[PDB]
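First, one chain by itself in structure tokens, the form solved without D-mannitol-1,6-diphosphate (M2P).
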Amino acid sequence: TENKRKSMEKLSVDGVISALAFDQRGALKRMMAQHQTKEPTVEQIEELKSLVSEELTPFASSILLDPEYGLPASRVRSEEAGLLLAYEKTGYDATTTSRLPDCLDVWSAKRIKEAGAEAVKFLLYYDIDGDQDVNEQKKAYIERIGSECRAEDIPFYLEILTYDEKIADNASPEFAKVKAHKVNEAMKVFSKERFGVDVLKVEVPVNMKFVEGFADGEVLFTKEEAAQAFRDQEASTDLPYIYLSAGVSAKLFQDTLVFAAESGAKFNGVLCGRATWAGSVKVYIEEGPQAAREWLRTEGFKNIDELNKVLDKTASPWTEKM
């Protein structure tokens, strides 16, 4: 575990993971498609990932990229930034309820390490209350990956995105009502030794947009209830865990971290994506590479710098977990 520990250190600063997430594929294409009539190209996708990597990794402990479009971007990251690579095929088949995991066809943990990565990240969709046989298949799949990573001596970062088989839209009030249970129970399953997880990458256990004080519409939760969901999450695992930002704004994500910390969560960092760099997409598409670069240096930098200042007072070192 000395090789894993020193990889873990390459992904962190002072035992805190302050990482930039840009393995988005499907979601990035949908964003780019809003601003031009032509289909987003391979060249366009590769270039924007490269710009964000070159410009913002000086201010991140590591960057998460996908092997499909992100390999050029991985090669321009700052000297001090570690690399994580995504291992799962993107998205999911919405015509079925199972969302079964599937690794990229020509990739292995060994090849990911040979690409210069210090971690393998894998995203799993998980409904704790879903079909038991579907769940058995998923658990066996994660066992395999965790074994691969042990053999190649590379940290395994498991991303869990929760869902309910019975609910199509995870932004809805009916999903917000069961999110805490979905998130916290999933973490308990995948914290077991047999899965070989080094770091859990997880959602905050509340949709803050339905919490009193944050909410503009229906209120579902008091702040106390929200705070308890965070404590329940903290008690769900002894593993290092970090928060993904998903589609929330920079400011809402920052406010959530302060709230998590005040509640008693001992999260160990974040993998923050769209909140930090989303504004660059429209600029890239409408005005080009140089204009995107100028946005990244000014506005992008401000988003990430403001994130780092919040992390310095909210996040806890993972060194106190192993």
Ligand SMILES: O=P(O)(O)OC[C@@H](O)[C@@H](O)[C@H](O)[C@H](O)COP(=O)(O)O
Contents of the next structure:
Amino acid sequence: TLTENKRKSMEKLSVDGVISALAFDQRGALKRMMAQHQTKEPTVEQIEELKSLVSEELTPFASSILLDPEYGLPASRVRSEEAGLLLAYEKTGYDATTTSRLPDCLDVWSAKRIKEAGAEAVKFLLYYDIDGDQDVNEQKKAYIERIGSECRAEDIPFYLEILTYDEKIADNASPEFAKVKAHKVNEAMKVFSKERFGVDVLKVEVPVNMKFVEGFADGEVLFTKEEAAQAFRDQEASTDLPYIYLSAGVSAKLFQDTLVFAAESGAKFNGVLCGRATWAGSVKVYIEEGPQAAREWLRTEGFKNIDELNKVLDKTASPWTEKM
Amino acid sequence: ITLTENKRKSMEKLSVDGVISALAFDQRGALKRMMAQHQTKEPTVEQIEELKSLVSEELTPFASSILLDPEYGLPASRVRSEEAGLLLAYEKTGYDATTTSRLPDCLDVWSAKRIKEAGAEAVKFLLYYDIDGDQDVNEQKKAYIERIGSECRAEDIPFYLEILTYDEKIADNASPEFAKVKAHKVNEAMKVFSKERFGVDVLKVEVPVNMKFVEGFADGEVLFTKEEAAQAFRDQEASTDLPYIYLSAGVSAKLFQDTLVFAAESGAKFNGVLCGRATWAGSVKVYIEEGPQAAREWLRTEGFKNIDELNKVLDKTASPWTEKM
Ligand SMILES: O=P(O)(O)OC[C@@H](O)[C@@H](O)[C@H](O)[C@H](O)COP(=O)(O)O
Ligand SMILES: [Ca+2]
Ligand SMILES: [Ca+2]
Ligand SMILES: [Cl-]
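Having seen the form solved without D-mannitol-1,6-diphosphate (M2P), could you give me the form deposited with D-mannitol-1,6-diphosphate (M2P) bound?
Every component of the complex follows; first up is the chain already shown.
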């Protein structure tokens, strides 16, 4: 059940019920990427410009774009007229001296202001360990309730992004984390699918680390294909809400092969909010060679990434208009 | 200007014939400290919760509603008169005295949804505001109130915004220095948060004057004539079209009551009060020292007399909030 306005906004973010969205709200993550190629700290102008370049060159090929309000408003104004807009509402990153990873809204923003800035959706990122401290998770659930209520009042779709972790596992790329990932992802989805959180779309990880799956793995194999497939069916069984996948910065090819595997396995996912798998290469070029070189990278390599993704989405994603 | 069906029903449960006679008892750290004064042991959760229940049970039959804190006040809320509405506070108490920003912060495991689920007919939130303060601080404060106002719209529960004014550069808001600017701080803060975007249903505000410096009411130095004081009330009435009620903290019951009369004479159309310590402060010493049954007897006699006298004054001074609809 969508209100008239939430439905209109979902339509502006989608094509034929599929979300082929471009993600560039990266801030903390962007900065870590930029640091690989220069000693100097990134300036505001540089961040704004790279976002604007990606927006201008690639949104003609996306149903919508996700940007951050801190650096991304100029970029939002040069997006394709056919592409919708999501704006991020959370502060970037988390405190690495504690395990709680508590969420925090941008200080001078509200769901109302995000709508006033021309967004068709509010996006919020929550770090969640289903097995973690219960009082921490109580605080997290309470915080999402507030945001869900705001979005109900402002009549703007609520896109909740969940990134999972384990309080006691330092590296979520490790085999140790791979072994519990499906549990973390699928049980978190089940919680945040509860009516009281007011989510319209879940933006989630695939429930497997594909690098440890038979046929995809280049080293140790932790899972057969059938086991991986069952993780995807468990994910589909964990919600009746629309959901879309994030890339997590894997290779464009691995992400594409994952979508194919997801669909074959029985996951009726409704699109992607994909960023780095598409544009990651532009960061090095932008820093070393500058804006025009980056533009040319975007028109060629960038386009090729997003075009190949779109072809894969076309044959793998399911429309959210059927979740209704 | 307008109320949904459920917000209107809730407002009616909070009032009597359009007048809010609300009993305030969301005190936390403040209440605990009073308690200490009368006894040796650190006050217990048991004690803090019990006094609230006694006050709630014995005095809410004579109030239109009661304001409680979710942290200690839920048991007290459940023994309130069935004819009394409930407001629950949503803010963390106090402020960082090392800084001047006094930023607002909601209780960590509460939401407007949870407040409604706990049986409340209103969400109360206390904001400290200096209209003349740091513009980025105030931008952050405005964003925060927008969020809560949106929550309350979605959960369809009245939003009561309490504003307490201060100056970043004046330590004592009881000083003559603050008195000279208080009308400015109060009235301009009301103008800000009366804007539609903040979603406020009722403002809970200070009287726009320190009556202790007004001619006729002052024991010492006199800063204002009666006419100057009255103009401040008329300016306050003109600062909002929303319902608003007065908070009493800072003055004696007798002076508060005299203030209500002066307010009405001056042309203020206030819609009630949120009155606390005046009404039950006396039981606190009796509860700690003579036990619970003694407090119940104090509340039934002195306690009733206090709230009854207040109600008699409200009857001749307050205006119904339905005349603002
Ligand atoms: O840490 P930051 O600086 O806030 O940004 C990265 C982080 O939010 C990620 O979760 C992305 O927002 C999301 O995954 C979409 O990007 P991709 O994963 O598709 O590349
Ligand atoms: Ca449901
Ligand atoms: Ca399902
Ligand atoms: Cl207190």
